[PDB]
Amino acid sequence: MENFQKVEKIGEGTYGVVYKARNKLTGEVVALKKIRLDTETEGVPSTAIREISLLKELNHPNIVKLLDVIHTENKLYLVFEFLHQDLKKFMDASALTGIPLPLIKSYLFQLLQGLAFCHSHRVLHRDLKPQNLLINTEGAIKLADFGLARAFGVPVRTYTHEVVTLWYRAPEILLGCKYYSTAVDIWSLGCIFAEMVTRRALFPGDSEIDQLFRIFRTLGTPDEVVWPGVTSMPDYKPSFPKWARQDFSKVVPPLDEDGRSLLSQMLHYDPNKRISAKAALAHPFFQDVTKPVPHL
Amino acid sequence: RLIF
Amino acid sequence: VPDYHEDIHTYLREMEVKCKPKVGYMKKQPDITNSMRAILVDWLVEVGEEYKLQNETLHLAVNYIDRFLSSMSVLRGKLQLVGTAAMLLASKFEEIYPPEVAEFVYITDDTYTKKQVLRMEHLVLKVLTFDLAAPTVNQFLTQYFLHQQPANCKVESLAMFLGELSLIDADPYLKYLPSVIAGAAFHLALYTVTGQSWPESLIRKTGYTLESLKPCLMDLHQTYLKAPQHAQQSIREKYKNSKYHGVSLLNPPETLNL
Ligand SMILES: Cc1nc(N)sc1C1=N/C(=N\c2ccc(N3CCOCC3)cc2)N=CC1
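In order, the protein sequence lines correspond to chains A, E and B.
Position one of the first sequence corresponds to residue 1 (PDB author numbering), numbered consecutively onward.
Position one of the second sequence corresponds to residue 1 (PDB author numbering), numbered consecutively onward.
Position one of the third sequence corresponds to residue 175 (PDB author numbering), numbered consecutively onward.
A few of these clues could be false.
[Said to hold, decoys possible] Simulated coverage check for chain B against chain E, where a stretch passes if three residues somewhere in it have a Cβ under 8 Å from a Cβ of chain E:
| no. | region |
| --- | --- |
| 1 | 212-219 |
| 2 | 246-256 |
| 3 | 282-295 |
[As the list claims (entries may be wrong)] Restricting the straight-line Cα-Cα distance to at most 35 Å, the calculated cross-link-like pairs of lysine-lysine (DSBU-like) are:
| no. | chain 1 | residue 1 | chain 2 | residue 2 |
| --- | --- | --- | --- | --- |
| 4 | B | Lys300 | A | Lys56 |
| 5 | B | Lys288 | A | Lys6 |
| 6 | B | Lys226 | B | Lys252 |
[What the hints assert, rightly or not] Quick look at which bits of chain A chain B covers, simulated, 3 or more residues with Cβ under 8 Å:
| no. | region |
| --- | --- |
| 7 | 33-44 |
| 8 | 51-64 |
These aren't lab readings, by the way, just hints derived from the structure by calculation.
The beta-carbon is built from N, C-alpha and C at its ideal position, and this holds for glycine as well.
For reference, chain A alone in the conformation it holds in the complex:
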């Protein structure tokens, strides 16, 4: 720790505060996560156990780099490459103008490569939202905050009570599914894509049931044809109101036919049909993708 000079506090996340620091020896700027170790009640928090063990495995241009872990009696320090802001803040700051389409397209393409890498290494992120998506000044975006992430060499069991964000939550989870799959990550990413495009959250629900009904209101109420099984899912009720599917031209106006098509495949109700990250990167939406820099 002696080689680091703290510069400023940037925040906290899912647990333990985040500082911009510089290595006094090499000049490298890093982001330090400081974990307060409760060395009498709980020990190393499971978020840090997962983030470290998973990130150490994942080396990819579009996944935040964990540079070092500095492990002391009283303190655990995580050293990450520094990235100067999150998508959520950038979107807030680009509100009224919009994030330019080309940049939207480049971000999505890079997020999908990040995600495809995770999924082909048996890692589910589980918690994708704009606040966990970090950008630099050169036009790159990376997945960050892997404190909720899980290895899925064995299927990941879902949490009776999801502590995991509402707005980007997939309908199979809202409806009481027993396991997660890589399709929940694709659903969130679909939500974030739309939110970049329209400048507001696709599905901003105020409870589990209001979340569902908002999805139903836009994509239409699912049935056995669209999604074999729904009707026998723990939390499915015959009394769900019956909406029809909105046309995506009205959901995402600025989007061309290619974007609309990819988005519709990322938000497929049936987790078995929803497009994989691997496949989405084959989409013709990405034919004219470039690497614009944000006006930060």
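Given the structure of chain A, go ahead and fit chains E and B with the ligand onto it with the hints provided.
Chains E and B with the ligand only, in chain A's frame:
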């Protein structure tokens, strides 16, 4: 306690 | 969706080699023995029953312990403390909500303090270099099960049983990668239940012919045959549950037709  | 199954399988086959324990380690421990390890593992099975922990959590704990004991000498009086910190770590890695540390102290009957367990956790982390996402027999089994025609849930329960039996006996089982043991367990469970055999889907995918599985199979069959006589009985008692179709009551085959 396991005694070994 | 099976978009990533080849990729994950291949990557698990890479990682299992990297997460492999030293095969000859128990002979460099001056104070502990295969037989004490066997007692510790059998106790961890019961702890997992007691707290309704997933099976993956037990396989992970045993991998942490063997990797730990591969480089650190441990006195018999501290072995259960290594085991308790490993189970805590595995629970944090793998469970939705892991038991509290206090609960882990309670389960040794207060033979260590919460502080001791916590410091041991930190030591286990340091020695494993925070590399906790270890492939297990249970993970290779789960993948292998995708290749049943049709899926048979006695076959599934029985192969898990057998794969757990292997955690108990360092000799011979530390000789084999999880993917190989999982291969043997799956064949042996299939053969036991139905008379069928390590399917050709898997021979191609894994590159393991049934012949190559032979040494592990021979050992696993002998373990299966002798299980009702073995000093440690926790896994048998566990797999009598209807949860598991009582597979551990089923009669093992006296020959394997190899
Ligand atoms: C690795 C990591 N994990 C987190 N939970 S945050 C984090 C990192 N953060 C980094 N920088 C920022 C982190 C957060 C932010 N913001 C969040 C708070 O409002 C302002 C923007 C801005 C920059 N750089 C690298 C990693």
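Verification of the hints:
Closer than 8 Å: that is the beta-carbon criterion, and the region 212-219 of chain B has 3 residues meeting it against chain E, so the requirement of 3 holds. With 4 residues bearing a CB less than 8 Å from a CB of chain E, the region 246-256 of chain B meets the requirement of three and the coverage assertion stands. Counting residues of the region 282-295 of chain B whose CB falls under 8 Å from any CB of chain E gives 3; the rule of at least 3 is met. Between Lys300 (chain B) and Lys56 (chain A) the alpha-carbon distance is near 14 Å, which keeps this suggested pair within the 35 Å criterion.
For the hint pairing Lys288 (chain B) with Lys6 (chain A), the CA-to-CA distance comes to about 33 Å; that is within 35 Å, so the pair holds. The straight-line distance between the Cα atoms of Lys226 (chain B) and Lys252 (chain B) is roughly 25 Å, inside the 35 Å bound, and the hint therefore holds. Check result for the region 33-44 of chain A against chain B: holds, 6 residues qualifying (beta carbon to beta carbon below 8 Å, three or more required). Remark: the region 51-64 of chain A is confirmed as covered by chain B, as 5 of its residues place a Cβ nearer than 8 Å to a Cβ of that chain, reaching the required three.
Hint compliance for this structure: no hint is broken.
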